[PDB]
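Given as structure tokens, the chain that follows is alone and in the form solved without the named molecule.
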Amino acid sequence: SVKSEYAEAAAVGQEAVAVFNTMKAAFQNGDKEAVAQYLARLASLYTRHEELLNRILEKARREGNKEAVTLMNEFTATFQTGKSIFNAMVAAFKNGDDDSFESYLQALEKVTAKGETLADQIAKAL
């Protein structure tokens, strides 16, 4: 069902949270080799999550589930804010700009935390 597809998507999102937190520790510790690997892992996780969310939104549209569509349109817009910040963080790591990396890291945390009430709303709406 679309609901079980959302739970699978939510698990992928939680995997990115876990990897993000271990990447933040590695960055603090200056373990740049680890950070590089975690950033590649996160890019793959965010790509997969984005694809699953788009399939969920498309399915809700085909089902005529107007409320789920509204919430998913809002949530996917917020996902793209997070993705833009993530990509900037990756660039800051490539460039050696730790000040920017820290800034983007905290912003990705706040964007993600803000977006969680809506994430739970979507589960109930599908």
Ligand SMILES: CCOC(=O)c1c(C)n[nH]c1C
Given for the second form:
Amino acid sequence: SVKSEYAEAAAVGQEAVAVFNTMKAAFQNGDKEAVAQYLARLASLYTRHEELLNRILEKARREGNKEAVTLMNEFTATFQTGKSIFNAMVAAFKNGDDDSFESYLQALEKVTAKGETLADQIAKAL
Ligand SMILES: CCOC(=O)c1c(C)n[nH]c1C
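Hand over the structure of the form deposited with the named molecule bound; the form solved without the named molecule is what we had up.
The complete assembly is shown below, putting the previous chain first.
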């Protein structure tokens, strides 16, 4: 169902939250080799997350679930913001620039926290 696929998407999103917090600790500790691996894992998880979100939105469209489509359009828009910030964070890591990395890390936390109001509304609309 669209709802079980949303539950999987929610789980993959929580996996990313878990890995992101482990990465933040590693960055603070200066374990750059660990950060590199966590960043690669996060990219993989965001790819899978976005794939699930798109299939859910396309299915809500085919089902005519107008409230769900509206909410998912809003959420997938904010997901792109998070993606853009994550990409800039990765570039800052490649460049050896911890100041910018810190800033982007913090910004991505705020984009994600703000998104959770939408995420929970979608669950209840589907
Ligand atoms: C960086 C891509 O991910 C996200 O933006 C995201 C996740 C994961 N959960 N909520 C949001 C807005």
